[PDB]
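As a starting point, one isolated chain is supplied in structure tokens, in the form deposited without this ligand.
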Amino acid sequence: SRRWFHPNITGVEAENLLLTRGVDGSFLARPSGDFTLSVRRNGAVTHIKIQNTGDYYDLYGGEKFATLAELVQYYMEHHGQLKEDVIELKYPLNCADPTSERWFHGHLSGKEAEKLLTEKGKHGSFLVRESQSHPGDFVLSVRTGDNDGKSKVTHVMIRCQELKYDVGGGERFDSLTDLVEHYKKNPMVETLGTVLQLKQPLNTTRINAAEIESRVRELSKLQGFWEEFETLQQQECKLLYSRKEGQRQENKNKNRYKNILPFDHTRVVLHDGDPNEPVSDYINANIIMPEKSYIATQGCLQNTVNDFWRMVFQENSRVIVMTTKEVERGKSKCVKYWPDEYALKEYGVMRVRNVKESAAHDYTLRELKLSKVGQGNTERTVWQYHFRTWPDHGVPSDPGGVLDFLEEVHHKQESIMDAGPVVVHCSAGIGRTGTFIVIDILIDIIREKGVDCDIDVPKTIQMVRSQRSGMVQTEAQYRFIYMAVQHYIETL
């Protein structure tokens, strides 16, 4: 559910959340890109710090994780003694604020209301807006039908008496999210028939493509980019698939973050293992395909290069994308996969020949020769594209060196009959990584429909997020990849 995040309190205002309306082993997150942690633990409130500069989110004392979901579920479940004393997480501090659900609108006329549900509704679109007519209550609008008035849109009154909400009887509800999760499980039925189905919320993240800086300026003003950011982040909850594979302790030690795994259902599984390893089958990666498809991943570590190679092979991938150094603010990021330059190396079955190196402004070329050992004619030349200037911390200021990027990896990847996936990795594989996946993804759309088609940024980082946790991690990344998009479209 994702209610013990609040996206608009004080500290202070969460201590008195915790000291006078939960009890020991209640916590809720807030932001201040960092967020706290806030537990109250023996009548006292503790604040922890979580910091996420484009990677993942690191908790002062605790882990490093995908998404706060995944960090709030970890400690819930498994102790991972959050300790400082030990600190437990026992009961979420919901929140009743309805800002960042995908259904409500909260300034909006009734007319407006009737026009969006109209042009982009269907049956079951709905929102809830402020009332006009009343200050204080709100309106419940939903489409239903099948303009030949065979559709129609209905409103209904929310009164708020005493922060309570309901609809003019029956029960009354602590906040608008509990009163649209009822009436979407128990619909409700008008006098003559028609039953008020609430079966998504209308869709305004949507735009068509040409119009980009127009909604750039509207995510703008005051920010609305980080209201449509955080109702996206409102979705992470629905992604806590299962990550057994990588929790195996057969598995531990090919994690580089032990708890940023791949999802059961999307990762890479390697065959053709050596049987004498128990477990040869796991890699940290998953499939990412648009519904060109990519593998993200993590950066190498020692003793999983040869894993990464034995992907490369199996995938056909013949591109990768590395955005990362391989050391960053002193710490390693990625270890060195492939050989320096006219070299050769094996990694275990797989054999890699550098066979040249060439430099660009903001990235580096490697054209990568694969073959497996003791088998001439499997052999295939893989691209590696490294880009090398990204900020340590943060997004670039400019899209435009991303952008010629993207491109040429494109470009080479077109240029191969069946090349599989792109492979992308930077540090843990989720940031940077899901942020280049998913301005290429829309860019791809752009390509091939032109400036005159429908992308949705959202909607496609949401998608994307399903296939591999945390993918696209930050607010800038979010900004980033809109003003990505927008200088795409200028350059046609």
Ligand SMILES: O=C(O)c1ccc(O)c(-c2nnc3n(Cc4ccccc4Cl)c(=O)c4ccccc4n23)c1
Given for the second form:
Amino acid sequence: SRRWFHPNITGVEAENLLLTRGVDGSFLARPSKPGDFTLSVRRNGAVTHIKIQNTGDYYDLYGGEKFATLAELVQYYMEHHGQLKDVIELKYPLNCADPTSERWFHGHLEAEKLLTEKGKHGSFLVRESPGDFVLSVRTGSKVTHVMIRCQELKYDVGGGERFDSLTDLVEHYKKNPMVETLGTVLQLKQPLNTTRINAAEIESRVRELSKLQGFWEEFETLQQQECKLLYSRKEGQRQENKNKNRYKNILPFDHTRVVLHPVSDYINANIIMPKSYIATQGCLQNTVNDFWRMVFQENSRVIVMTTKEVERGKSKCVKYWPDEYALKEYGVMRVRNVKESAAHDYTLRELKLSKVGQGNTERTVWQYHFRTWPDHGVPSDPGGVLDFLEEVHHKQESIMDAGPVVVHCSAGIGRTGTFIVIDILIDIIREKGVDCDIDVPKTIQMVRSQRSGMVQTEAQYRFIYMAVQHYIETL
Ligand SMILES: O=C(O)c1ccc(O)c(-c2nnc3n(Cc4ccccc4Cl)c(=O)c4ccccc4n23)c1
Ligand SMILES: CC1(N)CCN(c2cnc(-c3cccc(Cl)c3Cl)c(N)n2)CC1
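Would you mind giving the form deposited with this ligand bound, to go alongside the form deposited without this ligand above?
In what comes next, the whole complex appears, and the chain from above leads the way.
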């Protein structure tokens, strides 16, 4: 669960919540009053606020480490005591009762129209009735409305138990379905889908999401679902693999990691299946050889670099390619940089990859280096990114039996997830045309189960909508 995250509270509300309802070791996370986060912890009768920064690459904790998600951050510190500091301990989550980041909560709602149009057997939603709530379910086919009485800070369906939150009530009736007199089981199988749009109606959705914003609420609801993606990252934790990670706590899921054929099988990279991708971190001096072994083994012919080598005076990715016209050996792999072409937003490098001692293994690898992405945030216009993805897509499509496209930035989750998701969404619109259904958070949740924290910020999330809108507008 992710109940420790409170989306609509202030620092004072957090302090009073922790002092009156928590104990020593009580904690909560919250958005900054913007784009930053606060971890508030009770220690020796007093509340300590710790800043968490995300500019689009990773969650950066003051006095701690860098993480792919807030859930991974909390999971780590709740398991590894002494790592946060005077040591600060995360013992007890202080649960949030606010239903705003729940998939099924639709405040003011109409609900019968949505359930009849979009719904199926077990599709449900919760809405605001005075101060009371309504649970509306579809079964088959028909729609049933259950009143939810709010009586003295507690919620109930007219009898039995009284829950401290709508979430507790929903979860209880999810596991224990209400049975109507004549036998209809009020199965709450899945929340009603309200995010799937028809591609031709994107400008309408972007307009509604821009109203007081809706983009923030939709993104935080997606963030609440990240607690279901805490898959094992054991291989990245091995002693022999620690120095192969750019960030010690940003690791690849074992079940999707690229396996390389003493301990020569590891790279911090994952296969992303929607044309497949490999999402990876920027090379380290000690991982350049593992990087070319991955490119060669996977039969990849296109590499997308979405970062400069150095940003804000800090190394983001080492130069893993030779200078123009030069030849270099990276272990068993040989790379020639044949030609470099400069365009406004990017540089194209035509590389020739082969295994040393075997000439017939040679293939051209096209490296598309996007150089104009800002240090913080996202571009103000998606046209540059869209023209770039269009060219990358056409190169990939022209090469018979080409392997997955290699995509990397620094940690390989923010800008990498953003470029991949845009590329997945636009591909549906290429194959199926303007008359197709696209579901942005569904696409992201799917990519995120293949690599942690793919798409880092709300600014990137909004950029994905703007990019899809722009692609459809130029169709
Ligand atoms: O063994 C399994 O089947 C299994 C299943 C689900 C999982 O989430 C994991 C697991 N994978 N990584 C982690 N980390 C991260 C970590 C540990 C050490 C060094 C760096 C990093 Cl960044 C956790 O802190 C963690 C904490 C509690 C419970 C599982 C955890 N876990 C393993
Ligand atoms: C007002 C509200 N609380 C905010 C927006 N909203 C929703 C609903 N569903 C998703 C969704 C869709 C597909 C996959 C995933 Cl994981 C998610 Cl979470 C979403 N992001 N927002 C509706 C309720």
